[PDB]
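Working notes, beginning with the structure itself.
Just one protein chain is left out here, and the rest sit where they should.
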Amino acid sequence: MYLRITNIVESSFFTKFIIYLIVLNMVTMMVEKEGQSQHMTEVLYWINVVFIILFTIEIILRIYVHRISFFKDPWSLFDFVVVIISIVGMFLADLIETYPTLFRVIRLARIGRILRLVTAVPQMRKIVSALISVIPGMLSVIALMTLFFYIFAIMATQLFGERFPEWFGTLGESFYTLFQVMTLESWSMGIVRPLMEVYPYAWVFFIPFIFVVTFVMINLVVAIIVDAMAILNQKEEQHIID
Amino acid sequence: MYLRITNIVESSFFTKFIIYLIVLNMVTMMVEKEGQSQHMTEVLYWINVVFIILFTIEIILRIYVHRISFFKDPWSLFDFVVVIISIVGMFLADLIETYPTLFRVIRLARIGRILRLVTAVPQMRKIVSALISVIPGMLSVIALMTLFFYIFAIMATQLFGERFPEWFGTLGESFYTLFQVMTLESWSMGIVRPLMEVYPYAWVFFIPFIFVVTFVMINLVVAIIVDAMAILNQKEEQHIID
Amino acid sequence: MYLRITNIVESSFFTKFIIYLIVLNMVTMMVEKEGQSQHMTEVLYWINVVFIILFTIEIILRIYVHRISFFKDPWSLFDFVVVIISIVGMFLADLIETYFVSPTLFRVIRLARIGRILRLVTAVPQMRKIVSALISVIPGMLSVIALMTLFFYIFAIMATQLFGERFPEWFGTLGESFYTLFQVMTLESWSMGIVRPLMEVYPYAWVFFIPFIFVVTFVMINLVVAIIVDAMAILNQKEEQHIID
Partner (left out) sequence: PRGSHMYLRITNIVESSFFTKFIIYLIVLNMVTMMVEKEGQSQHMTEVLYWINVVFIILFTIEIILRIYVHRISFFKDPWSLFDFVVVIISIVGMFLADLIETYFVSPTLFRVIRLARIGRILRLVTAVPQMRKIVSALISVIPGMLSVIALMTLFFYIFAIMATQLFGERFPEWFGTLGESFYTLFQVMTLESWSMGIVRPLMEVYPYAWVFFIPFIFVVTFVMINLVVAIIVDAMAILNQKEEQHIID
């Protein structure tokens, strides 16, 4: 009896069917506009509840097989946190709408159901993991970039923030404009040149910020290149020996 | 008329002369403007018909020398699709002109004869396939980047698709702005800063979107290097034997 | 004598405690608002006074325990130059605040407070490592940086000549032309903002800016390739050493 239910759960079909189910939930979410139709909203929402119930049947079948060993594997554990959030959230969203800004934000909880398309599917799972593994080597370079931003963010508010509060009022505004100056999005035409009307020697803060930022950025990417080449030459080196 | 032609087609004269015919068909396609002059349109359209005729003459000679073995080659197969699409397009466009916006959309079939420059030039052939061989390795990273775009796209409509339909109303409408924000083109001054007039904490969607997409970007570029470094080191590894 | 002090200053706890103060002084420098109110501005000013005192006390112990070693160490003198800057600044900014003179002189002079905070790139370890491993790169690309500046001159001497007459706001001065050519280099509004309105007056302006972008991008790409090949030289020239045995 149970060996047939476990045969079906720990199956080549079952995985492919759950992948398919998530893919179709994504399609029922992809067909959402601003229009929309008071009817369409009632239509789409129910097809999602058709999914939420099937995805709770999905984890109930999968918790039946693993009993308490389900909590051990974080994959099984993630699928459970996604399922509880879909449920806790769909009822929270229905509740809010019945009695504003919160409704559209709270309605986000549905993303976990389709986010499982990086998790539940292998090949993708592999690329997500192999990419995440880069971050710790960068964590030092990342930390200095954050640390450098604080010095400049304290300076910007101090220096310009009086006449330019729209960009450098609080350290919050200051951090944002600097990141934008860093991404080089309208740094001059939009931010530095109008600053040079009030303060002609404003570039003395931004031109070096651009240089310092770009330098740290260049070294970060180069470190990933060289870290990939360090492990590549390591296997190449021992092969040569004999 | 099969004994002498078999050797003239597989000659330096025939391949160089046919490459010359393409260059001359590019120049005639270039000397087109918005102007234009109806006489200039009639003259240029006729110069093209001569080349469309000449390139048909070319493929007939190429078919009846290689007999059926012509169709084995995917390159000769392409050069054949080029002439049929050119001939079909020639009359398809003319039928519409004689009997407005569809006429422009159809007329780009003329590019087929000009696209042959990469495939026909035996060196341009090489640089193209050297770039093609890169893509299989990238396919993993792309698929993940595509899916991340979908999640961020479904979110953008749900969050800001209502009040800002010009950039986020539809899924595809949202997909476009996310690509514009990815290329970092006017992401802050033109999109995120005006979005924060309505939604003050909108930056907590776009800055985390920037990082997610840029990290994946860096890694793809880094991957193209490592993939090509396995080429330098492998021809060096076999050389280090003697 | 003084061995109990020699154990406090230059230890593990004391080393860590100074980081804690540097970090706590950053958080009070993070309370900078657009407002700000006569109360809050003076409140913040006084909190910093306390920190400046603590940091002067901090360098007093440091130079006493390592009497001759202070001058030999470069990082030990940085924390000293910062102390003498923080002290000079404190009263120099106060002098301009008391004697009501240009907020422009005050806002610029108050920028000495930053020294107390940029100590985090020094004082806390691994941060000193990263910043030093980054600074070590700067010479192994200094010729490319030098070539770039020279390339910028030649191009700025040209831009002021050609476009400077009808476009003074962007190219009227060599200082104006050094700015615009830098903006064009970062590709920010290069065409729409500068090269396109220039073509309204001088339609063959692109013949200068398209090659400028090219000449200036090639030098840039190679500067980054130089950082890679020099990093991959330390790896490659040690790889050979092991292979030899």
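The letters A, B and C name the chains in turn, as written, and every chain counts its residues from 1.
Criterion: a contact is a pair of C-beta atoms (placed from the backbone, for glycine too) under 8 Å apart; a residue touches a chain by one contact, two chains touch by 3 or more.
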Omitted chain's touching partners, listed by label: B, C
Touch criterion as defined above, residue of C:30, C:61, C:65 or C:219 at the omitted chain: C:219
Touching residue (missing chain; options B:124, B:198 or B:204): B:124
Residue in contact with the excluded chain [from C:94, C:97 or C:239]: C:239
Listed residues B:4, B:33, B:39 or B:72, member touching the removed chain: B:33
Where the unshown chain meets chain B, residue by residue: 26, 29-34, 101, 104-105, 107-108, 111, 114-115, 117-118, 123-124, 126-128, 131, 134, 176, 179-180, 183-186, 190, 221, 224-225, 228-229, 231-233, 236, 239-240, 242
Interface residues of chain C (partner: the chain not displayed): 143-144, 146-147, 150-151, 153-154, 157-158, 160-162, 164-165, 168, 172-174, 187-192, 206, 210, 213, 218-219, 221-222, 225, 228-229, 232-233, 236-237, 239-240, 243-244
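One rule holds for everything that comes next: only the chains that are shown with their structure count from here on.
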Centroid spacing, where centroids are CA-atom means, of chain B and chain C in whole angstrom: 44
Multi-chain contact residues (two or more partners), chain B: 240
